[PDB]
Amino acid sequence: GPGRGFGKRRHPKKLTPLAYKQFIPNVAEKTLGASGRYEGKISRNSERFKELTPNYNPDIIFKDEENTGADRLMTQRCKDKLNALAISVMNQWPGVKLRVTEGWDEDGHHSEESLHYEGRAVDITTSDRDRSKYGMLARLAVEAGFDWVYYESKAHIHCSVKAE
């Protein structure tokens, strides 16, 4: 084996928070190494809507500002990574949970094209809304396997996933 010192790490380095307006990987979202191409908007009255799955994780707060439960509807991959992050958030800050401020968007809040229109993007905070935490939250989102993570706003981190 590689030797002692490459076992279970007793004193791991702290992971690095991302900086305001940083994105990882450091390429455009729609590029192949990140979240790949936009396949087009999903409407409620389509059949790609039926591929979207609802996320009912009790450890995740859904703002659901629209009161439609649309924020819960996402692709399986988006659900998988979001569920992984919900675990790591609680581990990092006890008593704190992951919060989704926007998921699948039916209302065109995101320019002409957006991964929010196809259940492949969430905007997130900590449940305590302590904005000093968000650099680290965005780091946790990277390590949880989101395919692109962008510290878009002082108010949220935007995370997205590849299609399927």
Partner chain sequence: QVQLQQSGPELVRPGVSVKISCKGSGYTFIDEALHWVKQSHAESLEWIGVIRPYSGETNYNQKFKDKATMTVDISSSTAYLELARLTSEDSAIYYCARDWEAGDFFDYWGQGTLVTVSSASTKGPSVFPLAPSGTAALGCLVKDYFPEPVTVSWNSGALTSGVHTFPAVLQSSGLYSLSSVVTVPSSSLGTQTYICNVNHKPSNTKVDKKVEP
Contents of the next structure:
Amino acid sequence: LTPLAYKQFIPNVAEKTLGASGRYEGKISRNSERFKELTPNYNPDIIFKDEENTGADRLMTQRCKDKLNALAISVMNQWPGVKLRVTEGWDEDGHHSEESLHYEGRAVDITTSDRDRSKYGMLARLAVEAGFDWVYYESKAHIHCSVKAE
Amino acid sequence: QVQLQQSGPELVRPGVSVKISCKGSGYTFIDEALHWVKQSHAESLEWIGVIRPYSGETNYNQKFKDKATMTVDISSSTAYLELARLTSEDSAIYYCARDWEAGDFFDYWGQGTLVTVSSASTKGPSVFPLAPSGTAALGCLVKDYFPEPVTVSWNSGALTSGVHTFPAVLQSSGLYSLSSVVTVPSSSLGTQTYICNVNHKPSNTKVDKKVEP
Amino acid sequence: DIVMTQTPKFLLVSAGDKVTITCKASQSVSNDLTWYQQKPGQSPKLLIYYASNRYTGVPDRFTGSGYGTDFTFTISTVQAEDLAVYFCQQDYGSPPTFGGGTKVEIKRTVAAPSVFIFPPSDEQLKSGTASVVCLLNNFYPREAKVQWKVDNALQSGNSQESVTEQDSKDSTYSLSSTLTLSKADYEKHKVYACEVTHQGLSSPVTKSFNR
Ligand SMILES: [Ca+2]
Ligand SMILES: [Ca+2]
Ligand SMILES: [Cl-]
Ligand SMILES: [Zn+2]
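Could I have the structure of this protein in the form solved in complex with the partner chain, to go alongside the form deposited without the partner chain above?
Expanding to the full complex; the earlier chain stays at the top.
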């Protein structure tokens, strides 16, 4: 296992290509029919920042939940006493790129529970091994992970 | 609503330390890192450092290693910046600013704390009416103060349309002076009260000047 | 430390026109490039991050591009309320560093100042000093000549001027000229006059009072 380099994306293609997580299908708002296709994640071994205090960060697609749950396990295994942490899941704050996969629940921004930025390269490596369809060392403060639609 | 509320302006001698503060509200204080940014004429914007309230970890710009200490009081949701052994190069606006854990850049800024490093004495202004005589101007002359800044409102913030508060000028005496004016309807003069509310925090000078025809 | 060079330093621009600002880094900063807008009297406001993402609610007219050293910030169609200093900031390297800034000033049609004169207050005269103030309200452009006359004699060396920042709505300036005398000297003269020359006035406008 080698940590991803700063700004490295795996696989080596645009996020929204067929080879990656594939195309933006559209924004999901709290009204929408599609809102109901979002599972809240209550895995007790995942820290959700939820600074919004709405629980938005827990909402994601089935596929996102699955990869996130797998990564939760490999993070506890990688560092004794550390957990996966989510800063963003589904988003209604418009805090992303114009057509973020966050706006339809197909992306998470992640850290370790200790916010040790030296761990974050290895964290991205784990998110690839967990089966995220696109991993990106997006900033010094987070790894962005996304998934194909259902 | 996220707000960073900074402490008031400071006059200090060269050689003395000063400690300024920044209180975070409208969010959970330990959720975000806090940064300190200096704005001078000499050097425009410069990053001093960051403190992580959650861990109390700090990282300093090496330029400020010897000058700056950051601390937090998690209980009052307040960050502090202490600047030691000051010279005139330390005179500037100091901001605190918050990131949103997406990189070391800042969506929320304090209003800024003006630190004047000087050996000059504080002096509060005198405030004189600029008496009015379709449209009528009137105002208040805020003369002979030190240091900057001074604030001026009208009728306790109730009058803002048509107000112009001039940047201070430095007199030959080394004291500042400025005017604040406001235009208003002429018909209003007999009827409406107009008071300028002048605040010079470094001398604890506050003045309400009633301005009448 | 990474040096950010921002150009141009100043731009004058009419409502509806394009603004283009460049920032170049002394070494690559990938896309870790932020653009702030600092309006007069305010703290910086973040418009663009990761070189090209608009912060929430930032209008369409603002854009960024670039990767490596060379970054571009555009206002497609500048509006009156966009006057500000724009700064870039890199956070690829430690420490983070800012550009020296670009000041954007609005060019608009000519507007003549309204002129007003204020005698010294009795309160101030008991103190031994006399300030006489001349106000030029809401004019464009910034160039104006204010001449003090005391019993028709042109004054020099005994006034200071101050100019407001450009208004965010009408893009005009205001100007204050203060004439300062001793009580002694003030009381020796009768006619106090503020004479104003400006592009928007056919001839100089005088306002005056008799002490
Ligand atoms: Ca969140
Ligand atoms: Ca969010
Ligand atoms: Cl995104
Ligand atoms: Zn993301």
